[PDB]
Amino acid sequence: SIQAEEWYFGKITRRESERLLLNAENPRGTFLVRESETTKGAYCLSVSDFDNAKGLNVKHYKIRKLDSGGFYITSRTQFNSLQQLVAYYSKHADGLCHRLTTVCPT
């Protein structure tokens, strides 16, 4: 069940994800997964970052789920579930701003 996952915030907007993730206590890679505002059926992975150019900021990545079944940010790297996707990006930064670290406090 993706609901019940503690990093799943469901139906919260992009601005709300930023409100939550822009807290100075959050390290790089603090993150949550929410519904997409623009794509039905898709999700957004919202991730905090920090650099001396930008300070604290947030990136959003769309996660699609095919009817054939896989979950992905890039179709070149698919997962059998949202959990395994989250599990993989918590170990590999790849094209993300930072590898996933901590679940966003509420």
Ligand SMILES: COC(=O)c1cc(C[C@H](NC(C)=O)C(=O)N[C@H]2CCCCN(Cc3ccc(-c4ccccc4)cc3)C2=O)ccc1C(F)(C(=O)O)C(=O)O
Given for the second form:
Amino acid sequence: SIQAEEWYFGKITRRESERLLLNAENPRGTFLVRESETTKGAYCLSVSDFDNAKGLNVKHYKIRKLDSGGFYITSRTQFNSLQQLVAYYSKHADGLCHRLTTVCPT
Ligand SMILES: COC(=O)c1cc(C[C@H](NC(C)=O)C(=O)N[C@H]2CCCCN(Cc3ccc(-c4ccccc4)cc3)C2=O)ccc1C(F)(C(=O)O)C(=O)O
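Compare with the form deposited without the named molecule: the form solved in complex with the named molecule:
Expanding to the full complex; the earlier chain stays at the top.
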């Protein structure tokens, strides 16, 4: 039950998730999952990043969910649940700006 996972912020906006992520105390990979503002049934993985080029910044990755059942960022790499997706991405950067590290403070 996703509503329960501590990294699931549910119904919060894009701007708010960015206000939470852009804290100077956040190390690369700080993250939360929320509802997509415009695609029903889609979610967004908001992730903090940091480089000398841009400094502290946020990326937003859409997570699709099929009725066949899979959750994914790229259809090539799918998961049976949001949790497993999160777990995978905490060990693999792959196409993400950085691997999932720590849950975003509130
Ligand atoms: C303007 O925005 C939107 O409409 C909107 C848009 C996005 C996508 C996001 N758009 C914005 C304006 O935030 C974006 O472009 N992120 C990039 C982030 C950087 C990577 C590049 N890329 C393409 C891509 C390439 C590779 C991979 C990848 C990842 C892991 C492994 C393999 C490949 C993922 C994506 C993305 O999707 C997500 C949520 C909402 C949205 F629903 C909304 O309603 O705004 C929201 O904020 O809620």
